[PDB]
Amino acid sequence: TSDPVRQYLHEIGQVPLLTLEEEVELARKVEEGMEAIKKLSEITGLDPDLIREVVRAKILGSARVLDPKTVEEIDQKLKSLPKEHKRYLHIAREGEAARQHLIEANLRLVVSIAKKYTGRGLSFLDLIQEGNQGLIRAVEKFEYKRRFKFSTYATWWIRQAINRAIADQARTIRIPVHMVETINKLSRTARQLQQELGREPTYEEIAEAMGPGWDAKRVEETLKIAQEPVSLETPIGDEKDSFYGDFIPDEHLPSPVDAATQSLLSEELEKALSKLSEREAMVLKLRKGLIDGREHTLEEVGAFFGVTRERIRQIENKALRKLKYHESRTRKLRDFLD
Amino acid sequence: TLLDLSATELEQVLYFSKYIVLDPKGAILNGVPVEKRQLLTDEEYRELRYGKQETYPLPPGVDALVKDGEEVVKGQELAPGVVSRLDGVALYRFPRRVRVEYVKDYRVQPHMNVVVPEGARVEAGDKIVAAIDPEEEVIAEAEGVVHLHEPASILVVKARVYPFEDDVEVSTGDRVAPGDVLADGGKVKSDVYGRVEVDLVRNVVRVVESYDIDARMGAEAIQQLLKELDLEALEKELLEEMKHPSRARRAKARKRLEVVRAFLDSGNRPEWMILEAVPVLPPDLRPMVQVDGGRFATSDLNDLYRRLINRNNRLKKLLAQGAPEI
DNA sequence: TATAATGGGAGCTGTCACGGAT
DNA sequence: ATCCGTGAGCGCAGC
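Chains as they are written, first to last, in full-length UniProt numbering: chain A, 77 to 141, 151 to 423; chain B, 114 to 216, 343 to 565.
Keep in mind that the hints were calculated from the coordinates and are not lab data. Do not rely on the hints blindly, as some may be mistaken.
Unchecked claim - Simulated crosslink set (DSS-like; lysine-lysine; CA at most 25 Å straight-line):
# : chain 1 : residue 1 : chain 2 : residue 2
1 : B       : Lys366    : A       : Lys168
2 : A       : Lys114    : B       : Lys556
3 : A       : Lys356    : A       : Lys417
Input sequences plus hints: build the corresponding full structure.
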């Protein structure tokens, strides 16, 4: 109980193992039921998924958390069919149940498969949940006409699901599986070099060993993308009294010196506009975007003052120049430029 | 403390080790009737929810002392070496020998399957056995009586038999109760609570002892239970026991009452102790900033929160799709 | 997309005193 | 009685 592994082991360990006769019967019954769903879907004209779910819903029960009156309403129609038509409904119910049994029983393989996919950034149980997820799709597609034992076709979806999951849930930064795959072959080809060369590969060796379109630049580039973030709570010193974030500054937030200088700059800049008329200053405010943050074009400023752009443009120049003269007596604002 | 549940019992419910029944739905386990707030193990919950179905293995090569449709009891044997340790209806499983007596013996194989009931009158051309290859399919050579023997195993299910001739109004999976009409427009009715499994092959509506017991697990159970609790009432009951001679009784009643009173005076609802919407701290307070080295560094909270999301959406999909409870 | 494949893997060891629940 | 969970000095430096 304390060990969730042992718990799943006993939970599925009570489910007997299906014999070929039992397996063939169940898997066959599953297939028949699904096709019966098709025929019953057609006869009803309803959405095949909906009727599959109303059949299952009944199989599972309202115990599972499409209000339940719906599934009853449908089931009423489903049962208002003649005897022959209800036959396929009955078979489809039997198939949904056989689906469940085949799954529940063919899971010890999923364990014996995921036990070798561990140590890849995900725990046994997380991986198992993925392998079971894929297994349901595999059971939904498995055909006994092939005559291959379930283990054969099942493993494909059991390995794909876990392997896909490892590539989907192992990076704090979501990186596409194809990229992960390139990175994996980079390490594979690299290690080959490392063990052969008797030393240690470089950007340029692996690049050529990889093949065409592969250069040293690309190697380092791919490694840069592969770079993974580290924990801020990482221990510093043998005394666990310090952490990384303690020794990491804030660059974003206004630093009192920066905010102080901005307050001073805007004050002095205004004091410079006090050396102009409000028309000259206002023109500059809109044009430079001091009026309301948004800088307004000359045509807009001429729309505000009701003036030809040329006159607005020229008075803006006159105003800037007047500021320059005043500055040539002060140069107080230059300090803020720094 | 509020639900008068032990810490072990809590853990069992939250970590899915034992079911807690919220409505007994007429459930009898070991004779004793089932009550609300009762802890059932998995095996028990199965018997009460589904049924008792045990298959005893027959050593291929020996015939069956029992026949399809017959009923057996504990102390009675299916075959010379295999006995039934239970009573109920017994069904052949994978009969290896089909011998239709044409008023002839035919071998059964793994992939082969049968579509006729035992003791069925047949004529030339009808369908009796099917297989993957119709070239290897068995047909009805002439008029004859169906007979099946040498089953691989016998499923002795504790169920009841309800033969029918008219269309059924019950599909396999449904649950039934004594007197519930099953088929034949009122003629075929139930004889006990159970689960129905229409056998189109044998045209028999079987019912296996089973009720609609509501024995849930996890916080959903605890949340409903907490929501059902009436604080005012529980206060009264604890106060009355605060008048009991035993010192320990009054002690525990006081502590429980302290929790109850806390919820009453505060106005908080015990169900809030169960979480359905988890908050997430403003990302600034738990960031992944870029260090001077150019690398980024994240708080452990981020990897915890993501871990939950991975599991949650995984569950949402699995639930929405529907899949074995296990 | 199919030989068949069906109970895991690694354990931390040289404190202790107190309040609490069982 | 036993077991579980709780705390067990402050800085500075720590490459």
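Now the hints, each set against the structure:
A hinted pair counts as satisfied when its Cα atoms are at most 25 Å apart, and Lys366/B with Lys168/A qualifies at roughly 20 Å. Annotation: proposed proximity of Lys114/A to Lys556/B holds, straight-line Cα distance about 23 Å (limit 25 Å). The straight-line distance between the Cα atoms of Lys356/A and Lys417/A is roughly 10 Å, inside the 25 Å bound, and the hint therefore holds.
Every hint from the earlier list agrees with this structure, and none is contradicted.
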